[PDB]
Each structure stands twice: as structure tokens, then as C-alpha cells.
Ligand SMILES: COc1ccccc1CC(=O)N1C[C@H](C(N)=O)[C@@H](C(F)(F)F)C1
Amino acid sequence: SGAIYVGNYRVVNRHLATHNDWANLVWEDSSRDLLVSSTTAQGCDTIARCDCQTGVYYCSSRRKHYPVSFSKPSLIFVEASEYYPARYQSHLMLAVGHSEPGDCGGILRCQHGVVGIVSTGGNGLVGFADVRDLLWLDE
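Structure block, one chain, the form solved in complex with the ligand:
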């Protein structure tokens, strides 16, 4: 689990969005596993606007943060689930690191701010849904 709070927005994994998220929907993209809902309180997270390929993510299954090198956002094949059929997930960045399904929502950050959130894993890999291209999150 996990979310990003920036201005009047809440960013979460689309497969983990609640009834409240869907009733206050701003934007969602099934191909990215992202959903953004509106909030009444003002969020104070800073979104990174950069091309960093190094950062730190929080891994709930180990209660630890890990430094990682990660790939540029791209279309990557992802297996079937109770939420999606086998498809290409877009805007995804992979890194070598530990992840388990419950780790989705863990934040990846670089020196500039929030880069993305855990969305995929397995086989000693961890995949992050990028949010740096969502410029409207700041306005």
C-alpha cells in the first residue's frame, strides 16, 4: 500500500484505489496502473521533474529503504492478475531489488522529489510506475 499527496491530488496504484478514490476520480490509466483522485486537504509532496536513473525506494516487505539504479520509463510486458490480463504496462521503470505484491505503493524518490510508486515485481526485480511526466499534478 501507499499514496502520493501533492496539492489537491492523491496518486495511488489503480488496482488498489478505494470507492472514495473512484467517486472523486480526476484521471486513471489502466495501462500505467495509476489513478489520481481529488482531496480536500493540500498535499505537500514534491514531484521530481528530471531524468534521474538512481534513487531510493521504500520496501514494506523488509521495512527498509533501498538505493537502486532504474531504467527509463517504457512499455514492459506484465503477467495476468485478479486486476489485469497479460499486457504491456506503459511508463514503467525496472530496477534490481526486492518486491512482493503488498509492496505496491512504496515511493521511489531521487534528490529532486517523488519519481514513482512500486507497481510490479518478482524474480529479484522491482517495477515503478513513473509520475514525472504528469506536469498537471503541480497546477
The other form holds:
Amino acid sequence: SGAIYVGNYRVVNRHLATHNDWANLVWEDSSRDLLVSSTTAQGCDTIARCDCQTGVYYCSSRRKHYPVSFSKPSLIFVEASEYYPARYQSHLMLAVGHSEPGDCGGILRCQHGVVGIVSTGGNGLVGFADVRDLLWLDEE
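Compare with the form solved in complex with the ligand: the form solved without the ligand:
Here you get just the chain by itself.
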């Protein structure tokens, strides 16, 4: 579980979005596993605006923060899970690391801010859904 709170936006894994998220939807993309909803409170996370390929992510299933190298966001095939069938996920960054389903929502961060959220796992890789291309998250 986990979310990005930036301005009046909540960024969550699409597959973990709640009733309230869908009732307050701003934007969602299944191919990216992202959903943004609106919030009453003004959050403080800052989105990274960079092409960093190094960061630290939080892994709930190890209660650990891991420094990682990750690939630039790309179109990646991802085997079937409990929420999606085997399919190409877009804007996905891979790293060597630990990722179980409940690790989804863990944040990947660089010195510039939030890079993305855990979205995929298995075969010793962790996949993060990039948010650095969503410029509109910084305004309105």
C-alpha cells in the first residue's frame, strides 16, 4: 500500500484505488497502473523533474529502504497478476530488488523528489510506475 500526496492530488496504484478515489477521480491509466484523485488537504510531496536512474525505494515486505539503479521508463511486458492479465505496462522502470504484491505503493525517490511508486514484482525485479512525466501534478 501507499500514495503520493502532492498539492491537492493523491497518486495511487490504479489496482488499489478505493471507492473515494473513483468518486474523486482526476486521471487514471490502466496501461500505467496509475490513478490520481483530488484531496481536501494540500500534501507536501514534490515530484522529481529529472532523468535520474538512481534512487532509494521503500519495500514494506522487508521493512527496508534499498538504493537501486533503474531503467528509464519504457513499455514492458508484465506477466499476469491478481489484478491484471499478462500485458504491456507503459512508463515502467525496472530495478533488481524485492517486490511482493503488498509492496505496491512504496515510493522511489531521488534528490529531486518522488520518481514513482512500486507497481510490479517477481523474478527478483521491482517495477516502478514513473510519475516524472506528469507535469500537471505540480499545478492547479
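Just so we're on the same page, rigid core means the largest C-alpha set that superposes within 1.5 Å between forms. Positions refer to the first chain, counted from 1.
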With the core held fixed, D33 moves its Cα between these two forms by a number of Å equal to 0.2
Shift of the Cα of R87 between these two forms with the rigid core overlaid, in Å, rounds to 1.1
